[PDB]
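This document opens with one chain alone, in C-alpha cells, the form deposited without the named molecule.
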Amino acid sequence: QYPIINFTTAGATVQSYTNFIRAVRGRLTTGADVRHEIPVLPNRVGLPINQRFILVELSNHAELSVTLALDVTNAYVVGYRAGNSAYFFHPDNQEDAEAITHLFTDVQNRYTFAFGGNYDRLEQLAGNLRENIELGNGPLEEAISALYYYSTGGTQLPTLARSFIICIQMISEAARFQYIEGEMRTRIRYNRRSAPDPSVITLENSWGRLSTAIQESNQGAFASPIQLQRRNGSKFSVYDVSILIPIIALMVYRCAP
C-alpha cells in the first residue's frame, strides 16, 4: 500500500493542520534535491510505480472518510476513494492513465470522469471561480461529506466540483506553498471561512513558471521579473529568489542541477 497521511476536521487546530501538511511534504519528497533552498519534487523519469502516489485520508465531524490520491511528481490530486468506489480525473496522458490503475486496486467500482482536475474546468462545473469559493475547516468538512455521498447519488456535480476545488487548495496548494499553508492556518485559528485573495490565486497560477524560473537561474536572479499580486490585488514584480524562499515549500522538477 502507498503511504497514508491522516487528517480530521473534528477539532482541527493550527497545530494538527501544520503537522498534517508537514507530513504530506515529507511523503511527497525526500528533500534530497534542493535548489536555492527550496525542495524539489522527484523527477517523473526514474520514479518507480510503487513510489508514485501518496494517500490522504480525510475525516470529519460526521466520522465520514474519503481518501485522496496525490501524485508525488506534482502534488496533483488524481482521484479519490469512498467506501467501495473510486473516482479518477481524466488523465492528462497515456502514462498517467496507466499509473492510476495501480491505485485503490481492491475497490470494486472504478470510474473515470470525462474532465481533468484543473481549476478552469472545475470552476466551470462548480459554477464559481476560486475567488468566490470560501476555504477553511467548515468548507473542508462539507467537501468531505459531498465526496463521500457522490457514489450514492446524494451529491450534485456542481457541488462535487466545488468540493474538489476546496480539497485541492487546502491540501495540494498548502503543501506547495508555505504562504498558502499560512493562510489556511489563519482561517483555522480563528474559526473563519473565506475565499482566497489574489495573492493566493496568483501563486497557485504561477507554480509552474516559478519552478522553472528558479531552477533556470544560476545565481538566483531572474532574467525577467516574475509578476505576483498582493492581497489588495496590486501587482508587484519579483527580481530574485530571496523573497520566494519563505513563500514556496516545494517545486516541480524542471531541469537537472
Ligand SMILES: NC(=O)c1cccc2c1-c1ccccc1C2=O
Given for the second form:
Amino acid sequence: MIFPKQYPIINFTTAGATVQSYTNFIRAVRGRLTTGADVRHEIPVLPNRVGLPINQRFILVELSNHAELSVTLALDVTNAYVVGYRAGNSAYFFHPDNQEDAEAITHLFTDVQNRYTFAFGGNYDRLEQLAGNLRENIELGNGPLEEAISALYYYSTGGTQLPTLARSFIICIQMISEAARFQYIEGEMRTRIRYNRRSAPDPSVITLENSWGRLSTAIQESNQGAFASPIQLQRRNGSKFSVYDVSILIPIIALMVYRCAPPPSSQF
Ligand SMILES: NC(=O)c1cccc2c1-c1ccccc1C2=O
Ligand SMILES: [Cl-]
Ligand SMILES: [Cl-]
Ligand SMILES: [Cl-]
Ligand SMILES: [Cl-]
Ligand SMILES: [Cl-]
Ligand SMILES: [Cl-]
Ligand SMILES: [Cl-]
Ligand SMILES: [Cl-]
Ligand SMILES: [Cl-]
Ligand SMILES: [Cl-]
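Alternate state requested, the form deposited with the named molecule bound (shown: the form deposited without the named molecule):
Once more the chain from above appears, this time first in line as the rest of the complex follows.
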C-alpha cells in the first residue's frame, strides 16, 4: 500500500521577480514533474497516466503577487498542464475528459469548503473564446501574471468576470505549463521579465504550444531521431517550416507526454 501524502509544492511570486527567480521556479516545476529515469533523445518523458499512484499524479504551484494575494494551481504531472486552482475556501477544476481523470481530481484541494468543476475544459480554443481574445492578442509577462493572480483570487467572491478568468488561465498556463514544456518558451518569458516587458506570444510560440503532443509522438516514434512524418511549425514571422528530426528540437523542448502503442494482434 501507499499512504496518502501531500503533493509537492513549488512557489513563485511576481513581487520582486527576476530572471533568476523565474528560471529557478521553472527548474523546480520540471524537477517535480519528472523522475529523471525516463529520458529519450536527452528530453525527459513525463510519467505515464496509466497506473500512476495518486500521490504522484499532481504538483501544486503557489503563486503570490505584489497585491499580497495567493492562489494555488494544480498541474497534472502526465502533461504539465493546469487542471484547476484553489484560493481561500474554494477550488475550481476544468472539465475532465474522462471518468478516470474526474476521479483523480477528487484528491486535489481536499480541505476546501467549496469545490466546483467547470462545464468547460482548459483547452486554448475554449479559453480564447471565453476570454474574447486569441493567444496572439493576450500579453504575457510579469505584469499580466500579477493581475491574473488577483483575478483568480477574487473569482469566488464575484470580483472577476468570466472573460477575465479565462484570460488569466491563458496567462498562467503559458507562463508555467508551456514554459516547463519548452526551454524556448521559458526563454521567451525570461526575456519579458528581464525587460519588464508585456507582449503577446509570436507564431513560433503559439505553434510550439499547439504542436507539443504531436512533437512528443514524433520524437518517441522516431527512428534514431528521424521522424516518420514531418511536423510543421512556424517561424517568428509566421512562415511555415517542417521539422524532420529530433536534433533541432533538443534545445527547444524540455518535456514530453508519455507515448506507447499496444502490440500488434498475435492471432487471427
Ligand atoms: N482585471 C483583472 O485582472 C482583475 C480582476 C479581478 C480582481 C482584480 C484584477 C486586478 C488587476 C490589477 C490589480 C488588481 C486587481 C484585482 O485584485
Ligand atoms: Cl489521497
Ligand atoms: Cl518587482
Ligand atoms: Cl472533485
Ligand atoms: Cl491538494
Ligand atoms: Cl471545452
Ligand atoms: Cl486548443
Ligand atoms: Cl483576438
Ligand atoms: Cl495585460
Ligand atoms: Cl503584444
Ligand atoms: Cl529537421
